[PDB]
Each structure stands twice: as C-alpha cells, then as structure tokens.
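A single protein chain has been omitted from the complex, and every remaining protein chain is retained in its original position.
Chains here go by letter, A, B, C, D and E, matching the order in which they are written, and residues are numbered from 1 within each.
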C-alpha cells in the first residue's frame, strides 16, 4: 500500500502534466488552422 | 459516497456521448479522405 | 468475481495490443514527417 | 491517411479503457456495501 | 480542420476519463482506510 500510494501520486502528476501539454498544443493547432 | 455515485453517472454519460461523437467524426473523416 | 477477473484480463490484453499498434504507427508517422 | 489511421487507433484504445473503468467502478461498488 | 476537431474530441474523452479515474482512486482509498 505504501508503494501503491507513491505510484498513484507519480502517475497522477504525469497525467496532469500531459493533459496540460495537450490542452496547450490543441489551442496552438486550432490557431494554426487560420 | 452519494456525491461519488452522482459524479460516476455524470462522467460515464459524458464519455459515452464523446465516444459516439468521435465515432461519427472518424466516419466523416474517412469519407473525406476517400 | 470470476467473471470480473476474466473481463479485466480480456480488456487489458485488448488495450495492450492497441497501445502497441499505436506506438508502431506513431513511430512511422513521425518518420514520415521528413 | 496515416494520421486518420492513428486517430482510429487512439479512439479504439479509449473505448477499451472505458470498459476497464466501468469494471473497476463495478468492483468498488461491490466492496463498498460490505466495508462501510 | 476535421482532424483537429477529432483531436479536440479525443482530448475531451481523455479528460472525462481522468475524472472517472480520480473518482475510482478516491473510492479505493476510502475502502482501504476502513478495511485496514
């Protein structure tokens, strides 16, 4: 359970970073359509 | 747990709708490519 | 629970196959940019 | 063509992921009754 | 345009699935606290 808690935290952090990165790229791509 | 149940229902419905929308868009995209 | 276990295994094998396919397609697509 | 194919790949992965998420929700609900 | 639209769709799906994942993590943590 201690290892589980650590791994949940690490992956939660990574996914958040990836979603933020994806949101920023999505906005850039939509602007570039013009 | 009452809120948890409510939110599970909300997001499940939303994902189902998004999957349907994406399936529809994939079909349109393939048609356009052809 | 025996059915639950079976279903988890079946969808896990499916998503692993899809992720592998996506990884290969991603590699090809990136090389095609050149 | 190859971009469109990859969108289909990712869509299918998301679909499979959704089945797994629904399974985990089922398991939690089954345990919740007993453990509370 | 339609490829970018499809990426918007899949990102939205991923975001909604992340909300579901966070919910399942919360649920497991509550059950773990009790059955320990």
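Basically, contacts are C-beta pairs under 8 Å (C-beta built on N, C-alpha and C of every residue); 3 or more make two chains touch, one makes a residue touch a chain.
Colleague: On chain D, where is the contact patch with the chain that was removed from view?
Modeller: Answer for chain D: residues 3, 6-7, 10, 13-14, 17, 20-21, 24, 27-28, 31, 34-35 touch the chain left out.
Colleague: Since one chain isn't shown, list which residues of chain A touch it in the complete complex.
Modeller: On the chain A side, contact with the omitted chain comes from 1, 4, 7-8, 11-12, 14-15, 18-19, 21-22, 25-26, 28-29, 32.
Colleague: Since one chain has been left out of the picture, which residues of chain C touch it in the full complex?
Modeller: Output for chain C: 1, 8, 12, 15, 19, 22-23, 26, 29-30, 33.
In this text, only the chains that are shown with their structure count from here on.
Colleague: Using mean CA coordinates as chain centres, what's the gap between chain C and chain E in Å?
Modeller: Spacing between the chain centres: roughly 18 Å.
Colleague: Mind pulling the chain E residues that touch 2 or more other chains?
Modeller: 3, 6-7, 10, 13-14, 17, 20-21, 23, 27
Colleague: Would you mind listing the residues of chain C that make contact with two or more other chains?
Modeller: none
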